[PDB]
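Now for the letters of each chain:
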Amino acid sequence: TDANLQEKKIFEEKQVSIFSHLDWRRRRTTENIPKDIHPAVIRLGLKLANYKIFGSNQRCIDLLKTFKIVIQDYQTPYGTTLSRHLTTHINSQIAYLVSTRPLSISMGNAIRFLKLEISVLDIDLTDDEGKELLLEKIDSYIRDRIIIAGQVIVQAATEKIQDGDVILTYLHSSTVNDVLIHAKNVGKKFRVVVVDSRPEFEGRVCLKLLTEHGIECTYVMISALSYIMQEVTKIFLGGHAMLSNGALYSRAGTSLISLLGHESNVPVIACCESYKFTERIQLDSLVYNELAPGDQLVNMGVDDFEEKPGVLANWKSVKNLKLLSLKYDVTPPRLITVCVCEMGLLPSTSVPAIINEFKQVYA
Amino acid sequence: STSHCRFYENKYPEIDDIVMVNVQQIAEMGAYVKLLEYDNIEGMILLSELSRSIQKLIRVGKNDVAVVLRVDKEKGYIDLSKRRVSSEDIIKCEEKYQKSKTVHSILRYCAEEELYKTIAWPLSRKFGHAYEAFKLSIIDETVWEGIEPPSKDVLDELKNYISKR
Amino acid sequence: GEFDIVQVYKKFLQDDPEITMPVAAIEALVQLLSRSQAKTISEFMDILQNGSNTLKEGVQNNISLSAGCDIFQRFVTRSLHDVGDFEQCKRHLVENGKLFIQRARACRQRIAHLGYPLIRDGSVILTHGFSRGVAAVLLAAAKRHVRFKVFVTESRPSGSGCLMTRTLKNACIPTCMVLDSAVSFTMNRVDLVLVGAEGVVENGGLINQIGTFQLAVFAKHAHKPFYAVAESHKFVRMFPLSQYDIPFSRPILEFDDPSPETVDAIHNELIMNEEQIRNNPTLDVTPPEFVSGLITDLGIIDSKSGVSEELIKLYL
Amino acid sequence: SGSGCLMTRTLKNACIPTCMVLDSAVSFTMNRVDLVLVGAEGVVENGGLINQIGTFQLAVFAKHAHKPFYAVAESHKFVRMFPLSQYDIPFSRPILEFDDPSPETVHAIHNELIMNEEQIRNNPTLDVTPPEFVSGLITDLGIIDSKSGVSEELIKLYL
Numbered sequence: 105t106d107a108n109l110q111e112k113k114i115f116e117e118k119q120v121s122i123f124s125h126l127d128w129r130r131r132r133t134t135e136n137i138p139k140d141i142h143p144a145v146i147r148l149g150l151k152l153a154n155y156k157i158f159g160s161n162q163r164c165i166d167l168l169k170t171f172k173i174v175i176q177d178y179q180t181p182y183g184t185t186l187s188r189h190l191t192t193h194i195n196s197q198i199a200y201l202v203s204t205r206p207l208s209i210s211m212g213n214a215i216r217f218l219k220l221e222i223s224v225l226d227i228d229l230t231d232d233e234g235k236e237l238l239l240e241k242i243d244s245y246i247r248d249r250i251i252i253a254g255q256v257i258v259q260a261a262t263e264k265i266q267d268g269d270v271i272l273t274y275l276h277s278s279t280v281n282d283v284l285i286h287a288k289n290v291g292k293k294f295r296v297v298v299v300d301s302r303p304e305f306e307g308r309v310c311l312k313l314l315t316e317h318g319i320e321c322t323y324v325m326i327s328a329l330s331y332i333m334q335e336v337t338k339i340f341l342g343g344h345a346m347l348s349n350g351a352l353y354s355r356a357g358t359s360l361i362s363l364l365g366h367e368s369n370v371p372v373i374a375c376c377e378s379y380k381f382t383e384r385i386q387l388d389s390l391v392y393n394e395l396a397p398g399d400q401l402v403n404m405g406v407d408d409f410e411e412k413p414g415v416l417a418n419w420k421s422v423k424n425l426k427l428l429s430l431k432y433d434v435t436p437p438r439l440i441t442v443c444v445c446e447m448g449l450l451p452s453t454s455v456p457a458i459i460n461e462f463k464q465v466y467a
Numbered sequence: 001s002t003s004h005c006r007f008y009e010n011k012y013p014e015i016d017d018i019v020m021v022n023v024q025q026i027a028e029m030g031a032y033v034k035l036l037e038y039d040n041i042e043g044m045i046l047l048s049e050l051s052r057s058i059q060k061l062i063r064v065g066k067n068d069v070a071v072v073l074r075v076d077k078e079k080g081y082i083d084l085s086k087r088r089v090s091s092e093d094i095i096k097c098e099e100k101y102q103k104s105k106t107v108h109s110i111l112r113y114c115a116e123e124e125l126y127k128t129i130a131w132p133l134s135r136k137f138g139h140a141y142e143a144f145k146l147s148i149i150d151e152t153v154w155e156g157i158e159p160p161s162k163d164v165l166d167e168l169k170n171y172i173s174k175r
Numbered sequence: 015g016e017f018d019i020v021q022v023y024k025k026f027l028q029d030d031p032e033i034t035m036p037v038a039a040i041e042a043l044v045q046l047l048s049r050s051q052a053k054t055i056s057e058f059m060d061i062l063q064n065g066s067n068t069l070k071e072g073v074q075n076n077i078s079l080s081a082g083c084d085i086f087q088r089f090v091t092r093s094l095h096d097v098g099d100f101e102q103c104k105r106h107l108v109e110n111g112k113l114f115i116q117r118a119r120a121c122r123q124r125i126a127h128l129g130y131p132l133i134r135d136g137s138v139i140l141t142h143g144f145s146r147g148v149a150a151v152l153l154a155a156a157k158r159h160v161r162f163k164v165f166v167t168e169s170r171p172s173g174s175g176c177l178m179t180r181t182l183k184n185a186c187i188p189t190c191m192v193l194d195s196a197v198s199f200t201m202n203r204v205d206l207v208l209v210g211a212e213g214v215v216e217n218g219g220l221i222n223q224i225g226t227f228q229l230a231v232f233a234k235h236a237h238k239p240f241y242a243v244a245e246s247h248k249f250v251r252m253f254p255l256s257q258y259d260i261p262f263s264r265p266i267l268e269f270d271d272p273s274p275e276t277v289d290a291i292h293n294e295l296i297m298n299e300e301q302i303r304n305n306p307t308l309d310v311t312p313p314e315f316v317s318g319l320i321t322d323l324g325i326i327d328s329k330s331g332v333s334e335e336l337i338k339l340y341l
Numbered sequence: 172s173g174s175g176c177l178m179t180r181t182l183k184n185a186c187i188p189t190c191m192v193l194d195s196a197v198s199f200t201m202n203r204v205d206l207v208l209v210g211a212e213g214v215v216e217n218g219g220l221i222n223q224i225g226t227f228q229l230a231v232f233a234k235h236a237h238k239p240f241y242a243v244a245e246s247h248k249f250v251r252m253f254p255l256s257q258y259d260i261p262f263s264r265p266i267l268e269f270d271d272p273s274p275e276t277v278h290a291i292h293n294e295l296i297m298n299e300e301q302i303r304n305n306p307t308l309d310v311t312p313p314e315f316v317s318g319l320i321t322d323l324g325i326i327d328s329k330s331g332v333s334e335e336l337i338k339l340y341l
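Protein chains in written order, with the deposited numbering: chain H, 105 to 467; chain L, 1 to 52, 57 to 116, 123 to 175; chain B, 15 to 277, 289 to 341; chain A, 172 to 278, 290 to 341.
This is chain H alone, in the form it adopts within the complex:
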């Protein structure tokens, strides 16, 4: 950062290309990191940029479990109490983390929550009094908001599974896997369809898990959706976030699944958790999104790490030619039949009210 004239540079990044605004800037190495950075934060920042399959839930957990360590290792500059100064320390941790991978919605909402509890904290306490408190609040957050909600969703999810069904998932949703494995453990008689896609074939690991529990599974890439959907009878999707309009925000191929499902009359079920709801909205899948480097699809073939090159290795220096791969896309609500939150089965359009149930009757 020369300054925020580099942010003026972003103001220049509003050109003809639809993706001109989409931020490409990252830091996938610890070169010239600042001093005020916690080690256990560094490891996470490294885990962000380099891990794949990094489930949107685990990140929130691994972030919070890491955050406790920061505060537990934090000591205020005495003479200036804790609450007055804690944020800027943490604010200097996020600004680092985002340069490794933009914040998921599952994380940002937690951030806006903890920053709140910092301000509302009672000043008449001391350090060892204060920090110990919100650690439980953090732990309470993980208990109530995700794990239990996770444990509730699965139960309500497998409830509507019927013996003889044919389930279709796509690109390893830890929640979607978590309910599928539950279905087998209750003797539900069914079988699963697993859709995968380029680049990082996130669906194989979903096949690995389900197979290691012995389920009649089927693996086909998305460019075969027209074929396989005739066999399918239900569709389950775990989302990155759900929009206040009712739209579902998940990995890039989520939309076509719901679309082809509708035009084949199968239902679309969005197993998402309340804390991943957002007051914002999107009409196009391009305004708010995040990217992955286009090099990752240069490797043609069935592998990713393996040094199988391609015909596009020079695309960076071939003008009028550019590769890209968005990671997420919205999905209009009229294609989502149900959303499965820990408040039960809701129509996706009922999302923003639930967010008000948090804003209201709380603080």
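Quick caveat, the hints were computed from the structure, so don't treat them as lab data.
Be careful, since some hints might not be right.
With a Cα cut of at most 30 Å, we get these calculated BS3-like pairs of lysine-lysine [what the hints assert, rightly or not]:
| id | chain 1 | residue 1 | chain 2 | residue 2 |
| --- | --- | --- | --- | --- |
| 1 | B | 183 | L | 79 |
| 2 | B | 234 | A | 238 |
| 3 | B | 234 | B | 163 |
| 4 | B | 183 | B | 157 |
| 5 | B | 53 | L | 11 |
| 6 | L | 60 | H | 235 |
| 7 | A | 248 | A | 183 |
| 8 | L | 60 | H | 288 |
| 9 | B | 53 | L | 34 |
| 10 | L | 96 | H | 241 |
| 11 | B | 53 | L | 77 |
| 12 | H | 112 | H | 139 |
| 13 | L | 77 | B | 104 |
| 14 | H | 264 | B | 338 |
| 15 | B | 234 | A | 329 |
| 16 | H | 292 | B | 157 |
| 17 | L | 34 | B | 70 |
| 18 | L | 79 | B | 112 |
| 19 | L | 60 | B | 70 |
| 20 | H | 169 | L | 60 |
| 21 | B | 338 | L | 86 |
| 22 | H | 241 | H | 172 |
| 23 | L | 60 | H | 219 |
| 24 | L | 60 | H | 241 |
| 25 | L | 96 | H | 235 |
| 26 | H | 235 | L | 66 |
| 27 | L | 11 | H | 264 |
| 28 | H | 463 | L | 86 |
Based on these hints, arrange chains L, B and A on the given structure of chain H.
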């Protein structure tokens, strides 16, 4: 018989006592629960007590502490409440519990029931508890009062079994 | 001790036929409640469920009351507390019972002086089979002296259409009974369609008689609006997945196995037999995108997402 | 027409499974179907369909339920008629008229309260399926899906 048995000589608890209870199933309006202190007999909690209209809390096999409201001994129905317990009692019960629980695991040595009637409760009658002043079995001999004989074998296990586990 | 509350339920139908089946159930529970003499809170809720289920399984597990029965329970379960006097429990309890019955009896009226202006001068309406809801609003409109005409679906297998037209004909209203197979041909004439309700779902769905969704798509396709009248005590907690995912007692639409060994343009009386008919289903479900406005004692609800907020409000 | 029972037997008489469906509940069955096939009582210029009442009642479902729709028509059933909407067709008797209720007073398998022959007559006997719902039209001339070749083959008939 002597498979499962009671804890305190009062077959039931009085009104306004405090009892640990393990939740079982939740119905449309109540929470059928089993008070394990009295051979897991059943009771019910009105759908009006939480623990911070919270649908997520679906507990199955969790021990919780509550307070009795009304009792009908002839039909067995019991009504309890939760959001009325205080501070110390809410753990004093637990503090009272495991000690009492510990004694129960001792008696199932050949009962995996009557020793309460013979020894435990009259001892609990004196020192208000069995655990409380149980250690006196090595630093006093008031524990001899009115001891009744079982048979030849397990006649004296007290002086055979004090400080253990 | 009545020990046969179903009779009181039944007796209500003869002391007044102009009340819906669930209304009698609640009106019977109070009689159970008022006469029941208990000593524990659990005692009430024990026999209450054991009374409701006793009332449930007696009527082919009908859905209308199955809502009202469950809603009524979860109503009094709300602001229930026991302080000092145990009799306060029953006091607060049964007093709210009549209070609920008050709203319940006035519910089918509250929609009338609320849905009647939906009929305009010289308009033409369509209704699938008889329903106590659509009847009164039309009468409460025709009472206001307004010209309009109405078609009625014959509504096989119920045949409730033949009764609906009479109830309208008797109330000075022009009618024209129409076959279930000719509703589409009628949409050209109709300005507004309107049906009752037998059950409202978590997603804003509509469980009503067998042929509602049959004409719900028509109005959706013929660009005429769709309205359904539903009392509060018809909200249900279920949640299907399509126009089909509903639990149904008798298995439906089975086929036969034909072993190789066997044997006027209006041909009336050449139909299926009663055995052939009951294989066919009885209820229908119109997804909420096909309804443009629910008509409830709570008012008119069009989001079919706020129905859930209201449904959540109805339950605990 | 009640012609279903006749169609039912004639199929069952040829050892194939059957299951009669009252005209009110076709929609509930669509998700279970894989193909919809109806006959033809008449074909107009625009590709439309003149068949017994309720024929269009099905094709809309097949459309909305994303299931295909085929109709069998013999060449000698084509006609020069061209109805604008799905209603403007010549019909003998007056259809779907109402009453005049002057102020007087004249007075779940309920299987015997049915519309009388008189009020049944007031109902129409034919509906029309617009060509947008006919995925395929099979004739002795072959199968025609264009619904413009319907007309070109039609013109080839009327000399």
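Hints, one by one, checked against the model:
no.: 1; hint: B/183 / L/79; in the structure: violated (58 Å)
no.: 2; hint: B/234 / A/238; in the structure: holds (19 Å)
no.: 3; hint: B/234 / B/163; in the structure: holds (21 Å)
no.: 4; hint: B/183 / B/157; in the structure: holds (13 Å)
no.: 5; hint: B/53 / L/11; in the structure: holds (19 Å)
no.: 6; hint: L/60 / H/235; in the structure: holds (28 Å)
no.: 7; hint: A/248 / A/183; in the structure: holds (28 Å)
no.: 8; hint: L/60 / H/288; in the structure: holds (23 Å)
no.: 9; hint: B/53 / L/34; in the structure: holds (20 Å)
no.: 10; hint: L/96 / H/241; in the structure: holds (25 Å)
no.: 11; hint: B/53 / L/77; in the structure: holds (10 Å)
no.: 12; hint: H/112 / H/139; in the structure: holds (26 Å)
no.: 13; hint: L/77 / B/104; in the structure: holds (20 Å)
no.: 14; hint: H/264 / B/338; in the structure: holds (23 Å)
no.: 15; hint: B/234 / A/329; in the structure: holds (25 Å)
no.: 16; hint: H/292 / B/157; in the structure: violated (57 Å)
no.: 17; hint: L/34 / B/70; in the structure: holds (28 Å)
no.: 18; hint: L/79 / B/112; in the structure: holds (29 Å)
no.: 19; hint: L/60 / B/70; in the structure: holds (28 Å)
no.: 20; hint: H/169 / L/60; in the structure: holds (23 Å)
no.: 21; hint: B/338 / L/86; in the structure: holds (24 Å)
no.: 22; hint: H/241 / H/172; in the structure: holds (10 Å)
no.: 23; hint: L/60 / H/219; in the structure: holds (25 Å)
no.: 24; hint: L/60 / H/241; in the structure: holds (18 Å)
no.: 25; hint: L/96 / H/235; in the structure: holds (27 Å)
no.: 26; hint: H/235 / L/66; in the structure: holds (29 Å)
no.: 27; hint: L/11 / H/264; in the structure: violated (44 Å)
no.: 28; hint: H/463 / L/86; in the structure: holds (27 Å)
Checked against the numbered hints above, the structure breaks hints 1, 16 and 27 and satisfies the rest.
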